[PDB]
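Presented as structure tokens, the chain that follows is alone, the form deposited without this ligand.
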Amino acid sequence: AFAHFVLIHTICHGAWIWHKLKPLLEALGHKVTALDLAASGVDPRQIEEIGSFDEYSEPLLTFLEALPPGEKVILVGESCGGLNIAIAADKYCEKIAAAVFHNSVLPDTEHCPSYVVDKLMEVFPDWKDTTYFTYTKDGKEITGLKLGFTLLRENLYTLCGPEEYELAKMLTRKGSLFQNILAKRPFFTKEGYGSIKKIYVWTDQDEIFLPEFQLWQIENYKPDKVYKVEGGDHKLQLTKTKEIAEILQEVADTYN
């Protein structure tokens, strides 16, 4: 079967991270939408204009709003993208056939929205040469960050080709986890986010979202299905593009 996949990049990234997977999925006959979230990729806004992970998710929410009644999509979020999925699911759960997590954070409904992010920072506290800054938006101090080139090379694009790593150095922009904002955000709901089918995809060779973290997430909030990809790195859509496409095809044939 064919599905309409909506690819969601992580913070400091953009639609460009999906430049290898998008055409491959289309070669299988699928419809693919790869969005640039707020202040990401070639979006015109700067991060200082964004005050929360919800505002950051605007392009995704706006896209879902534009879907005609009856049309459902399969969301695919990488790394921090799982948070955008949860936010979108609490507004448009009826338009989501399923959500696929790609070496992604997996929010739950029993703890605060920052729960898995707080855990991530415990497991991976040293972001190496990554730099930080602060800005104020809507009366709140937000911590922004710019991914360090060494962190990118060693922990995120560990086994990616030099031409892919180059794109990361050229295109990654300043962003934010909005951690303190997430901590005070209302909990994700059981009726919305909690109701959607969730497929968790990961590799134990991820050098930032370490096994301890990902296995912890799986036990914390049981996914409907788990796929473990052998080898690769954090950016499986680059190092294991084919394997990811095969998995997404199976998801398309399973949930509609």
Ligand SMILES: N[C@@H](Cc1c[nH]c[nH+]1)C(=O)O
Contents of the next structure:
Protein chains: 2
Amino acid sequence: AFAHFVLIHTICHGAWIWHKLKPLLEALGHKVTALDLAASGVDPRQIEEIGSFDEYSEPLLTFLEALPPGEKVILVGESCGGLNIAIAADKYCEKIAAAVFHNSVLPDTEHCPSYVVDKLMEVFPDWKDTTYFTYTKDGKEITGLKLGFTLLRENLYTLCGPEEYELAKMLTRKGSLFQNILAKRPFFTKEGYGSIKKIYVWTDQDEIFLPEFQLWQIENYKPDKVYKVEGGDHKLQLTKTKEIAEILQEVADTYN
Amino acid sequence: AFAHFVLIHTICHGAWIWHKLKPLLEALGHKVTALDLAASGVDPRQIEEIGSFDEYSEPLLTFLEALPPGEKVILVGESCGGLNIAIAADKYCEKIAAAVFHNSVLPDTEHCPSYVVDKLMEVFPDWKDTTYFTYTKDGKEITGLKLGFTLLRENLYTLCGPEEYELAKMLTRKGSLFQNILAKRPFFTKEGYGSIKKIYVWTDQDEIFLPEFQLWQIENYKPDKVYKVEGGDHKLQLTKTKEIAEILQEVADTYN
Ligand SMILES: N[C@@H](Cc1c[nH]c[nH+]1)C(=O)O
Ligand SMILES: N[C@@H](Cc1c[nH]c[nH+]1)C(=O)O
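Next up, the form solved in complex with this ligand. The previous block was the form deposited without this ligand.
Every chain and every other molecule in the complex is listed next, the one we just looked at coming first.
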């Protein structure tokens, strides 16, 4: 079948990380939306005006609200994109055929929304040259971050070409995990997020979402389907684009 | 020699069009700055807050102001980047070793600053699906534009890969030529802009800055050096990146 894929970037990135996968999926006949989330890509807001991961997810929620009754999309999220998928499926589970997690966080319904992110910080505590700043929004002090260039080169874009890495240096923006607000956020629901089909895609070559973390997530909340891509690095949509397009063709053929 | 290249994008683009050339130049030992100009790339201003091509050029002027007495840069501009180079050389001709024009407008000192742009609109009057809007800034009605996707595919990125074209679709922003303000702008000076060494790089395969226009510019204001790259398309820094790096190595070796 042909599906409508909505591609969701991770924090500090934008729709541009999908510039290689999007043409491929369309060449297979699929419709692809690649959103900039708030204060990401060429979205005009700055991160200081955003007070939560729910506020951050506004372009996706507004997108899902705009879809006509009866059509469904496959949400594909990378790295912190998994949290935007949990927020959107709690409000629009009827519009979601399946969610694909691509080297992504996999929140559950049993522990606070920050749980998987707290576990990532234990497995991965050294963020090299990443800088931090704080700002206040709606009386909350938030810790923002700007990804360091050596962390981008070594851990996220390990095996990507120097020109792909260049785009990351040029285009990554200040973001936030909003970790302290995620903690106090109500849990993802069983009937919303819990009911979505979840396909987990990952590589053991990922240098930040290390195998210990990723296999830990698989055991904590079993995905409906798990696919392990051999080789690649953290940005599989850049180092293993064809393989991810094949996996996504197979997800379209199975879920609607 | 090694030089400091400052790479200047055209309107509606950002530093990201240089993501392929910048690694190459650095791999040859050069320093490279690739600026976002105002309301371009991931610069936070919107085009409605910009009232002229001089306001637009602010990141470049502030950059040139920050350089310590005695160091010099080679300015490399693409397409409307030629006008940012004329504005900057009228204020900082002492900081400029040479300016490279890359499929670029080549303003002169004899006619109003809009002259070459008025001649482009005569040679190239059909801008396909490009949209326009007007806004008012400092009592002037400006015509802004947003490049159409079929114009980007066919005329600007003709021969670029689908993934490079994808980045153009995802990242191009609303811009303005500020043509009516350019007309009333004082002429570029002979002692500033007129005294800069100008190297003109172009391809006859360019589908918007057609050979008639480009050869016309060469005859109107003779460049110090002219290089014609065989093949390629309008975005030579994407289709002929190595050839442009070689030409820029040779410009560094000759000018300082
Ligand atoms: N840039 C990060 C996004 C992230 C930072 N920290 C946690 N997640 C990535 O691609 O993985
Ligand atoms: N995007 C155009 C910039 C421009 C539009 N019109 C004139 N110049 C280019 O790359 O040529």
